[PDB]
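Here is the structure we will look at.
Just one protein chain is left out here, and the rest sit where they should.
Chain lettering (A and B) follows the sequence in which the chains are written, and residue indices restart at 1 in each chain.
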Amino acid sequence: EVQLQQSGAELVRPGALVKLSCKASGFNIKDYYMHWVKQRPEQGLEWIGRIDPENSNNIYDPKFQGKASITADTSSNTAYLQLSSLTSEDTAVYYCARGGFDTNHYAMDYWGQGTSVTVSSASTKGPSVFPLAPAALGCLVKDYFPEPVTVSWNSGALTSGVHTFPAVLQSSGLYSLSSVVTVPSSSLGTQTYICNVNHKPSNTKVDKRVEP
Amino acid sequence: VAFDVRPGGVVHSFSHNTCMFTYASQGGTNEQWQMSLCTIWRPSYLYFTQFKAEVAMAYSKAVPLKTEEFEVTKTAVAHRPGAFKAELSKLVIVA
Partner (left out) sequence: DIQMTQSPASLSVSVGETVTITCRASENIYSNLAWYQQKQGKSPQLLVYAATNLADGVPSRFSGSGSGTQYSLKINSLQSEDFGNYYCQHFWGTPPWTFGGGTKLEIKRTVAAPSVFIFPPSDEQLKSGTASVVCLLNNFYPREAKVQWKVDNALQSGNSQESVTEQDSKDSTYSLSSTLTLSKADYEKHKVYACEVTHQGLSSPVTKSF
């Protein structure tokens, strides 16, 4: 099975530098280009550059103005993207993707899961979890930084009728998100509803019981 | 079809339906070439250590190669070792 496993989310200060990794499994990186693609929030895909791991030849879109450096380590079958002099324009999700060497193989068939990079001088902060008491009920995941927060209901056993909204950035500079679920009105009183909130950057894990 | 010529010394091949191009080269960048069906050309700054097109004329610029630089056989057009000057930009085969 082919898999591209990317490194975890990054929170970095303006002017600083990051190095992202993309570990390949199920194929040899010397047999493909490894491409890197940027996607700014609410924007389109933008090709950054590529490396041929067999000969180390690497090339970029000139718009990056030497701010991106792509490397590869054949022993560990991993490709890397280093971004320097970071600005808010560099806040984006970065994907690695493998591609071939001829018309029928250039297109990138396998992609990494993406790595989120947030360029900010703000500190990490865990959320406060409040119930949205009931039919509809939910959880309010308030005042956290950086993104993201994951929400599940009844340890993932409750998925039908669940809506986990995109977070909003408050004037405080912290995010806030709501997760709701519609349930039968007759179950209010007998059925247990727990929202499972996880915010990895602050190592926060909260299980909140939502009662009428 | 387009195909990339990859320098570094590893022997590579590209084929299409059959016309096959086998080479090893050295240089600074991977170059996108084309194969039309057989004509193999750079739409070259690479230094070829070997070349063979199989199923004829060879050119350094698309400027023919000197007769001594290559050999045309029963099914192939290949570099003549020790005489080929490492520059190839176009190969034409009529079979």
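Going forward, contacts are C-beta pairs under 8 Å (C-beta built on N, C-alpha and C of every residue); 3 or more make two chains touch, one makes a residue touch a chain.
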{"item": "Contact residue for the chain not shown (choose from A:7, A:176 or A:196)", "value": "A:176"}
{"item": "Residue among B:15, B:22 or B:32 touching the omitted chain", "value": "B:32"}
{"item": "Chain not shown: contacting residue from A:66, A:166 or A:184", "value": "A:166"}
{"item": "Residue, one of A:104, A:123 or A:187, that touches the chain absent here", "value": "A:104"}
{"item": "Candidate in contact with the missing chain, chosen from A:71, A:84 or A:128", "value": "A:128"}
{"item": "Contact set of chain B toward the excluded chain (per top definition)", "value": "2, 32, 34, 43"}
{"item": "Hidden partner chain, residues of chain A it touches", "value": "35, 37, 44-47, 49-50, 59-63, 95, 97, 99, 103-104, 106-109, 111-114, 128, 130-133, 136, 138, 140, 142, 163-168, 170, 176-178, 180, 182"}
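Following the convention adopted for this analysis, only the chains that are shown with their structure count from here on.
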{"item": "Chain A to chain B touching residues, read off their complex", "value": "52, 54-55, 57, 59, 101-104, 106"}
{"item": "Touching residues (chain side chain B, partner chain A) in the complex", "value": "1-4, 6-8, 10, 14, 28-30"}
